[PDB]
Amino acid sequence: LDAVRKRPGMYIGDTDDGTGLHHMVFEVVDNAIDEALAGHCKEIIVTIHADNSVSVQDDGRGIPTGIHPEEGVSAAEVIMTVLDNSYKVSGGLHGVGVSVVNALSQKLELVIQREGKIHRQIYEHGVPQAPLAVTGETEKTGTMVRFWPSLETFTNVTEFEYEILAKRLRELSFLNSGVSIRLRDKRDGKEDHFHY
């Protein structure tokens, strides 16, 4: 992750004009759309929270929680902490992903519902605060990622603009025909529902 932290603009996009800030959301949405393509709804919920964080919920299978043989930690943690064909229909870039988002977030909350169990983990600037842990039981399945962008990295344009997210999620709904995409803004109660 130190290569990303050193030159964040090279991975996520321009960190001053708002390109990078919003691409953080689109990388998390990318992961969610790939996961959503295997569900009992195929729906994602993108929420802009009042504290200037964004959460993305999907109803997919859930990120694998078992221990990775080589790394010796949960497979979820490996995904969060290890880094013309680059384009993806889900909207992210190959060679970026959620590990870059995690590295450039002052906080990231991961919640996985899988195999009848709720798993939780917290990161700060890409560093796990404890191992992925079973915190309860559940009937549902899915992955939730909520991230607080690092205000050290992202300057000038620090607040999430609704219209920039809404525009991109509309484009993605046409490319991802089966998937439902809900956008919610808790600052002013604004909302949209994109489905092809």
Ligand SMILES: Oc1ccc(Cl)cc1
Given for the second form:
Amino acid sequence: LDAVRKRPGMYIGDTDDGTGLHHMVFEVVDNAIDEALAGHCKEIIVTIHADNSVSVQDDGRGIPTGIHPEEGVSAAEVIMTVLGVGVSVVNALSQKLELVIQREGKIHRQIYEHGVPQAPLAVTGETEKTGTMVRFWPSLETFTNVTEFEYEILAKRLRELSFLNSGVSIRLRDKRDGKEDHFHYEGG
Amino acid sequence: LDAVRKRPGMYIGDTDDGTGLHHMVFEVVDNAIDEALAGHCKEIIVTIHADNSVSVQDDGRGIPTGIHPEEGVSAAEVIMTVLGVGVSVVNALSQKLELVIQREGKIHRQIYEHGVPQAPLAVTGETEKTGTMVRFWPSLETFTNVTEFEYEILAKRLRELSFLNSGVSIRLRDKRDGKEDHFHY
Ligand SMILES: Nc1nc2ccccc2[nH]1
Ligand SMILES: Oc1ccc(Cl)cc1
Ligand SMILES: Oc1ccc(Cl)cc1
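Previous: the form deposited without ligand 4CH; requested now: the form solved in complex with ligand 4CH:
So here's everything in the complex, that chain up top.
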């Protein structure tokens, strides 16, 4: 990840005008849509939290959690820490990132700070559901000037995406003011 | 450097009891002694600053500044960013690190934050002197509980080093309370 940290602008885009900041959300959304398309129901939920973090949930199979034979860590960690631009870029440029994977009846949890995992991926409990959740706090050392998420920028893009991804329910929620939207095109 | 950031205790030592914190200084000192040993004047200066940073100076040749052909960056940056344990570990676990190299008639400067160079090593002026200086601010995300440098822990180790490295003068200065020592065999 040190390559991304050296020159963040080359990977995410402009880090001052807010375009790079919103590209962080859309990179994560692309991965979530990818996961949601594997299942039958297919719903993603994008939430803008009151602390200007964004979470993206899907109800898909869940990112692989088993140990990678070469890397010697969970396959989830490899995805988050090895170099669309990749979710590893989002992780690198997030001062905090929370990963929650529900898979094979188990809840898996891991926390990152500036791309560095705080502990190995851990099974913390049980679940009937499946899916992946990523919540990230954009790094204020990287992202300057425009640091807060504009609802309209996300709402517009997710609406455009709904028509290209048939059968995928996309929910947008803003916990700052309670505003929400539901984009679900069922064509074909 | 992510391997170091992932498990800092495994490289630097215990990050809670103060062992790792002080080992940061000693790793930098090891490189300063190597550089001092191959200079005419053989002195290093370890300074504890008021803002809880430490700087280590030598008056040796200055570490190499030319572009490393494989890595494509200054040889100094390769030393600071690629894996005694090494100054790259110290760089990775410092919230800020200032590098100053005096070599071949030129002053070179570079700043790192958490091991990440803020710009390429740059020529900032002219000089007659030679040597290397590294000042580092230990990351308060990594180093907990014991966050401040104890003078006597550093003085004890530098005394031991002065006997082993007989030719090398070692000065220790505390800018918080004006305390100082000069170890030389
Ligand atoms: N605050 C902060 N910024 C960082 C950048 C890279 C690795 C660790 C870091 N901690
Ligand atoms: O919902 C998701 C799924 C995958 C990833 Cl990397 C992030 C969010
Ligand atoms: O004085 C010195 C010399 C070399 C290094 Cl890497 C750091 C400090």
